[PDB]
Structures are given as structure tokens and as C-alpha cells.
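One protein chain is absent from this view; the other protein chains keep their places.
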Amino acid sequence: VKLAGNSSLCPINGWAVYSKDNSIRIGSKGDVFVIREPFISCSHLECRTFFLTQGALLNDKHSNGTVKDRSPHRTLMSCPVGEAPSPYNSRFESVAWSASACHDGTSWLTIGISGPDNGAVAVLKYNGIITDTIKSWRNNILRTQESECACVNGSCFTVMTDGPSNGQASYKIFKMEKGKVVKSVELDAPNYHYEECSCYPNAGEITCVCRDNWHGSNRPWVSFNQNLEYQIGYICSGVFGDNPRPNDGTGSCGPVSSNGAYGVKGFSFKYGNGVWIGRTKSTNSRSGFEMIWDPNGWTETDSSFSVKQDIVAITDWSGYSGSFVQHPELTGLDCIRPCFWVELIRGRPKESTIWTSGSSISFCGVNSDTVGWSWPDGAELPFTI
Amino acid sequence: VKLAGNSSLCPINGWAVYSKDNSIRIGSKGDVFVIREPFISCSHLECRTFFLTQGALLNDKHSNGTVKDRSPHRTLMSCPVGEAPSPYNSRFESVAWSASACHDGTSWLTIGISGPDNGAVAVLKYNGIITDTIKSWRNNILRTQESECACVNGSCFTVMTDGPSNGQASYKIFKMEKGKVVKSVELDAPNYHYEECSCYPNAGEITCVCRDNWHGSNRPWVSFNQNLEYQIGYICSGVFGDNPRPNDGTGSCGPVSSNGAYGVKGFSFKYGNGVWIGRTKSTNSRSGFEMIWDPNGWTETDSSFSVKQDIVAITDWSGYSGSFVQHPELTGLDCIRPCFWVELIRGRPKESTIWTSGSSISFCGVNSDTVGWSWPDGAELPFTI
Amino acid sequence: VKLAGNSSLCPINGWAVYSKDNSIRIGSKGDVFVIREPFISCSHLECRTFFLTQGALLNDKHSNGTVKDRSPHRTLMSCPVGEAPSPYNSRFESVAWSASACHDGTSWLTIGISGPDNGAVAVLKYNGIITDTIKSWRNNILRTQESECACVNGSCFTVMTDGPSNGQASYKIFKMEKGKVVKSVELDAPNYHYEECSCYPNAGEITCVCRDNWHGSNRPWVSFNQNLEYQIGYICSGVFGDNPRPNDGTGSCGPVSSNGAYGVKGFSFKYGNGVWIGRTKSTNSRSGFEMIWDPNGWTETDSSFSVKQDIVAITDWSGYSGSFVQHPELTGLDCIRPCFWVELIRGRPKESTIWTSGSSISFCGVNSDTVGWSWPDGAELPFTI
Partner (left out) sequence: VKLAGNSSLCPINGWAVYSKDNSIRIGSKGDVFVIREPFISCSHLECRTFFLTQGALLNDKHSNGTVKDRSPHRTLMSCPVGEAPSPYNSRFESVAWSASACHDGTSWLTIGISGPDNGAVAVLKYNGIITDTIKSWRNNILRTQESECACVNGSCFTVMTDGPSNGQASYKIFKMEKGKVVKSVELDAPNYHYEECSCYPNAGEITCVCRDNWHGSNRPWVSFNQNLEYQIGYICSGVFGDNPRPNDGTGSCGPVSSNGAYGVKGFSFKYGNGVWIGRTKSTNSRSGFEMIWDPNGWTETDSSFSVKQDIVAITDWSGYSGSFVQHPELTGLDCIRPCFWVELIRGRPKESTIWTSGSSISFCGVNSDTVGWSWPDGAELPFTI
């Protein structure tokens, strides 16, 4: 039975720890994969951590990591949440160096992009069997979310970008059913920059908060209806979401240029005019992580908010973070659970090692209360190398 | 179908071995988690061993174990009974440094506490999805059973403590249905100290034998109806069940203060006025274990009992122990099976290693006869370190 | 639905290879249990390999193996046929240093004996939960088949022995259902000696071909009905099946003393007055294996037989072997498929290592023709130790 996306984000007051895989600590001795962007996505029955791997284990020569980001050895795989991703507990999903995945309530749709930078191609797989293909339309690094795609009413959607990671690039939103692109639209988003979008369903529409790697310290967003009729803008909140960024001053609804000329995959959840923002604690490094509730900051420009829930201390590394959803059909709830996962990145380039991998921690919505704390990766570097 | 807890504990003459995971021996080379409190719990179909990990494997630098007991890496996981807990074979359950779990006939209820000591939050999950949150109400290390909770008529129950592990603390009994607290009661138990409760259902009610870390050598207990109407007291037998403890002299039905101002998670099974006391063989160390049947001993003070069955020889190390039950819905029996597990602690503080982990063995009730013997951990220490 | 054991053994011409796990060779690097007696047994749906482990892995110090045969760490487990037994693919069955198992069409019956030599106890489990217990009745190493028991008409049967491994011992046949011993009989077998029986159903009855460790070079047998009314004897064939043994001279229908004073778990299939005998090739060691078809040989004394199918060369080590059965409920055949398995033992006492473990190979019945060959263990000893 197809996942209805008609309900709304549940009302929350904080975030409860949902999972911590300790991959890198476990991986010191265990056969753990060296990985990146470990995003979570759920079905009507279970939740899985997807991730991309260079096809190498921690503490092996092959973790050498000097390799180009986009190698032909990169693969999308998944394992059950909270488990250290190893070759013994991971299901192969697709060959790719950028990807997303989501479940329509019936089957898994995975989207693995691979090939050369000037002709990369996205392979879509419904229940593991290739169902469609998408080719680079700009011949300049076709790439996608690196987190869950969103499904509604039997249709799933994703955002892909092709073009420079500096100036303008091209952005298309795709609508697919049973792994087949039935429709697609190129956003008319001049002066906007979209990368690694974190999308989620809400009352039959999709919202995505993304990364602006070109020229914005705040994050750009796009929300569209099942017919790909959209709207775009930037979280106006002066609690800037991107990293690097400037100190929290006065925000704006289009690209904040001071310091926002790079970035990190992140997310944000829109509540009315308010925003729950996840972000690194540091303004320079992918260190620390905190959730911030700025009621009415999605439209207003302030530096003030009302709640801050710590997640990872500034003294410990973080990295990519993205959002994921639990549908009522999995929960029994009468709303959609917003949840998020954080990538705790270790090694290069901030640490003196030959490799780079990450741990995940994830949290979920919830009305009852929570607490802030620090759930860092916890590995002692460097490794036997 | 919900688990009816209306039958009573099955009459028993002794305890037959049920399982032994050999985790620490296998861990010498295998990828086994370093763990603590591997309690067992069963559903209407199978039994699983739950345990807590620091997220490190045996024989690996990260099992350094100089970390605070309650680190943010401690996680609750489970694997089939008798298997070595490894990331290749364990299911992630929850992020926690204290917890319990129990199945109600439908799904697993897991309860994992994490967070700082001045406001730990218990996250309750039903079938893997968060269903409730309980906050510390004293802001002083909120903690729970470290063993199977008890379900009856579709409602599950547990006991949590908040406050000091020395003097008076606050104790509450929780009642939840489908992972949600539907009723809670604070016990009016001045002079009492409850910690790491071993609870079990009997005839529609729950009886818990716990640990008094404050000032008792005998174990305190609580029993309660499905409406949290309760009774409390201490095991009066002069066969003191805690550890440390004094030599078996004359008990009392309120905390025996000679020598019992510390302790160890243990259990006991009440039959009528008698008791099966599980406890260590030594009175100073967590070494050896034995089962003891002091009939007319739960209400009476003596030193005399009728049976003693050896489990682990004074010469070997033991540790936490807890009860678990096997319901007729799993068993086919017309009564509830009393079972228990014993944690075989190796390493620190009694050995000269840099870690602490434990193996597990369990036994079940039984009418037929058994044999006393010694099923110790069996690992050679130290390890390659 | 209960396995009907009413059909007869299928007629056969030779044995086709069924499996080979390579455990020891794989075990040089992989995490493989050091095991003994990996007998195979099947249900109505799958076949599984059971085996006993010392709770240790190949190439780790704990395989030190100087440990008594009967240690409290010994456990009964199982993994799918053909797979190397590791703590990552094996199910835990029971704590045991002697064992047997068999499926009745509904659930698995396992029997694991543990405890001291003067009072061992056999734990029976039906679907993993304890259903009965049997204590030593001579207080001298209660012990069992180390191979599949036999089920017919929803009752399973096994043979246990208690008493010395030299002179007269005591022999009992247990009839159990749903894992509960519903009847037992002590064989009245003066001058007989039964250990490690390999039993199989045929035409509603059970026949077991065992090992005489006391004074026989020929194998003793027992066959009984569902009411435990039995008959007994020795394979009369001069193609002596035990090991050690003399050169094939003239056999006798009661113990052949010469050279018959020790032995190895073996099996044999009776077909009318003929026997399919499996035995080692050497007469002083456990090396080589061959299936021999001596028609008119179970009741006659000859040295002559019609067929010999090599299985393991004399230049390679073998060990225990036993029979396991297919039933027409798992096969679709109108008869019972006789199969067998052979244990390839490497290490001590024949080899200069610190451990002993074995690999497994299996073959089945089959009407079509096969080929004799040699399927040895294939590991290079000694190991990294």
C-alpha cells in the first residue's frame, strides 16, 4: 500500500536520540566500511542507513582516501539503523558517487549517479531493478541529495543539480512513479544555488532545505506540489545555517554573501513561519551540532530564537546532516515525524590520517521533553593507519 | 495477540543451563562487542540477549574502559541468545547507558536512557519507533532495571530511580501500553533503596527484587497490581543476597546494614513464603554464583535453607544477574517459566587489563532435575591488550 | 505437519557429493569456530550442520585445546550446510559437550548434555525452549549420538549411554515427543557396547549403527519399533567398519575383539541383508574414507563386497562420520534419502599444533551414477598457532 503524504509534521518541543552506530570506533578492529553521507530513510516497516563507500574498510591501505571524490569504486549501500556498516550487514544498492533513496510504501527507490563528470548518469532502481536512467544535461557533474527523497500519494520526488559548484548552476526537480521519471521541471532560480537537498513531505507537498556552495551562508529552499509547481527562497533567519558562515547577525531572504562561499549538507524543518534549524556549532569547521528553534525565522530576519538543543559539543567533529521522515503508516501516528541524522566526520582533512569516514547519530521529533548533550564520534585518531 | 500474564510461576526443583555465549573467549580474535549487563528477554517466538556497549570491540584500543560508565557512546543492542554480540550479528536497539526491554505479545518495548546526569532522558521505543520520553525528575542520574521489564494483559511495567545511589532516592513504577506511559506512581518508601530491579510477572501482578546500593545486604522488593497499587519490603532471609554482604547470620525485613552499603544487580523468585535466591558465592567479590532455595525465607529470618545449586565456582568471576521469564504463549506451558542470566565479568577492576566486559550464561526453571557445576567465562587474561 | 517415517530407504548405486565447508582452510584468517562432530540434520525445509565448539576460534590462543573434552564452554550450535561455522552465521542451540538433534516436521529437537562426569544432565529443547531433562543414571559420563536422532510419526528417538568406555556400560533408548521423554528402555545387551550411534528411520522403525569402544572392530547395531521393542547385534561382514580394526578377514555377528579396543563415530545403511558401510581407509588411523557395498554382508561373514567408492584418500585425515536422512516431506521422493557426512579432523593428536578442529564433507544416496574421488580438508598446517 502506497504511503499517503497528506498529514502534517508533528508538533514537537525537542529531539530524542534515535541511533548511534559507532562505526569508526568499531571499525578500528572490525570490518567496517569507510563511508560518507550516511543518510537514513524509512519504509512502512523499518528504517535503514544508506551510505556511500569507496569500497574500502577502515584501517586498510585501501582507505588511502587521496582518490578523487567521484571514483568508479563508489557504491551506495544500506544497513539497518544504528549498525556499523560492514560488508557483512550491508545490502548493495547501486554503483554511485552521489545518491538518494526513499520508499513509496511499496518498494525502495534508489538513485545512484555515476560515470564521468562530463556525462554522469543517474540510475534509478525500484525494488533493486533498474527502472529508468537520467543523463547529465549540462555535462558538469550531475548530482543529487545525499539523503532520503520524499514520497507522497505513490509518487516520489528528488532534486538534482548539474553545473558549477561556484556560480549559477541548473536545478531540476523530478517526479517519479515506480522508479520512472514521469515528469521533471528545471527551476528558474537565478542567483540561487542548490546542492545536496534535504527534502521531506508535509500535507501533500514537498519541502527541501539545501546547501548553497556558491554564495550563501543561509540555506536556500524549494517546495513544490505533486505537479512540480514550486516556490523558492532562503531561510531568512539570522541564525545562519550553513557552515562556514558569519556570526549570527541580520539574516535575509536571498543568499547572504559574507562567508557563505562554500558549505555542508544540512536541513531545516519549516513550522508555519518558524524554523527548526540544525547546524554546526562552529562557524568555520564542521565541528559541533545544535538544533535551534527560531519561531518565525523562516520569513523574518533576527538573530533571536527561543530554544537551543545541543547535539554535539564544539569540541567534537560533525559534518553532513540531513533530514528523514517517519510516515504514519510506519508509526501509527496521525502526522509525519521529522527526524534528522548527523554525520560525524573523522580524518582528513582536519585530522592527520590517510583516510576520511563518518559515524552517524540520528534524532526524532517528539512532544515529550529532551535534553541537550554531546554525542560525538568518540574514536581515537590516528589509527594503526 | 497480547501476552496474558495471568498464570503463575511454574513449580521448579532446579535450574538447567539454557545458554552460554562464550563472548569473551571468542572475542580474543572475533569481532565481539565489549559489553555489560547482557540480560535476556523473550517474546512469543524467541529470546534475545540485550546488552550495552561502549561501541568498541574486544582486543581493540577503544575498549580502554577508563571512560565514565555513562558515556554518550553506550548503546543498547540485542542479538539471539547464546551468540557472541558482534556488529555482524547484533540489532541496534537504542542509545543508552541504562535500559530495559520487554515484549508484550505484539512488539518489543525498549527503554534506553542517555543524556547528562543532571537530566537524563529515557526514550521509550515500540517496534523500533519512539513512542514516549521520560525526563529525570531529580536530575541525578535517572536509571532503570538493566533487565527485562514485565508485561501483563497488554501493559508493560518497569521501575526507575532518580536521586542518590547513597542515601534516600526517588523510586517510581511505570505502566505503559504500546510504548506510552499511561500511569506512573512514586513509591512512598522512606528508608528503602531500589536500583536495577529484576521484575517478573506472576498471576497478573509484578514482583521485583532489586539492589539496595545505599545501606542493605538483603534485597528490597516491590510488587504491584496492574493499577500500580503496591507493596514493598525486604527479603528477610539470613541468606543475604546482595554483594558485598556479611556472612549469613540473622536477616531482617528492613535493610541489613552490615556490609551492604554497595551492591550488585540480582534477582529472586518468590514462591509462597519461600525464595530462590540467586547470588554470588563470595561475600566481598563478584565471584561465583549459586542458587538457593530457602522455603519459608521471604518472610522469615534464618540462615537455613534446603537447597544450594552451584552455577559458578568461587574461583571464577561473576557479576550482574537478572530474571527473565518465558510466557506460556511462547512455551505451550500453563504457567510462567522463571529463568535468569548471569553476567561473567572479566577485566577491570579485579584484573590487570585495560577493559571490562562480561560473558553470559542463563538457566531456566524446570521440574526434572539438574546438577550444580561451574560454567565460568573461561577466557585467558590478559589479552593482546 | 509431523514427518511420517513410514517409507523405506531409497535404492541407491553410489553417493553424490552434497557439501564441503572448508572451515579450517577458511579458518586460517576468517573467524571460524574450532569444532568437532559437525553432524548434519534436515527438516522439512532446510538441512543444517550442527557441531560442538569449545567457544574458541581457529588461530586464537583459546584454541589451546589442552582443555578437557568435556569443558563447561563446550556448546552445541548450527549453521547452514556447507558454510564455515562462525559466530556470525551460527545459531546457538545448547550448552553441551555431547549432543544430538533432529526435526520432527514441526520444530527442532536438540539434546545437549553438560555438567560434571559423575552427574551430567541432558537438556532437551523443542524449538529452543527446554522441555525435558535426563540425569546420568550411572554417574559416568552420560553421553549421546553426536549425530541426527530419528523421528517417525511425530516421535523422535535417540540412544544415550552411561558408564565406562571400556567394559560393560549402560545403554538406553529414549522416545520423546515435543521434546519430552515419553518412554525409555535400557537395552539388555550383555557384552555389547554402544557409543555415538548413527540412527535413521526406515519403514516406521529406527535402526542405529554405533561404535563399540570397548572390544569391537565391527559396529554394533540396535533397531527398534515406536514402542521401543528392539533387537540388537553386530554387522557380521568381514569388511570391518570400526577404526582401529584388523585387515578384512572373517567377521562375526558379535564383537570382533582383535584390534577392536577403541573406535570412531561411524554409520552404515542396511538394505535387506546387505550393508552400505562407510569407514576410514587406514586400519590404525583416522585417515581416508570409502563407501563399500557388501550385499549379503549385514548377516554374513565375508571379506568380499561388490562396490567401493573412495571418498577421502588414505594420505588425508578423516574422523567421525554419521548418517543423516532427507525425508520424503523435504524431497518429494516416495522414500527416505540416505545421506552421510564425514568429519575431517586436523591438528592433535596426529599433527604438531595446539588445537584440533575438523571440516565437513557430505554425500547423499542417489540412483544415477557417481565417481569415487578424494575430498580432503585441504588446510596447510601448522597455523600461525
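Miscellaneous remarks
When the chains are written out, they are named A, B and C in that same order, and each has its own residue count from 1.
Here is the rule we go by: a residue touches a chain if its C-beta (ideal position, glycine included) is under 8 Å from a C-beta of that chain, and two chains touch if they have at least 3 such contacts.
Contact with the undisplayed chain is limited, among A:23, A:90 or A:100, to A:90.
Touch with the chain omitted from the figure is made, among C:82, C:204 or C:246, by C:82. Taking the complete complex into account, residues 31, 55-57, 59-62, 64, 71-73, 75, 77, 86-88, 90-95, 112, 114-116, 119-121, 123, 128-130, 132-135, 178 of chain A touch the chain not shown. For chain C, the residues touching the absent chain in the complete assembly are 16-22, 25-26, 28-32, 46-47, 80-84, 86, 88-89, 326, 330-331, 337, 361, 364, 366, 368-371, 373-376, 378-380.
Criterion: only the chains that are shown with their structure count from here on.
The multi-chain contact residues of chain A, meaning those touching 2 or more other chains, are 88.
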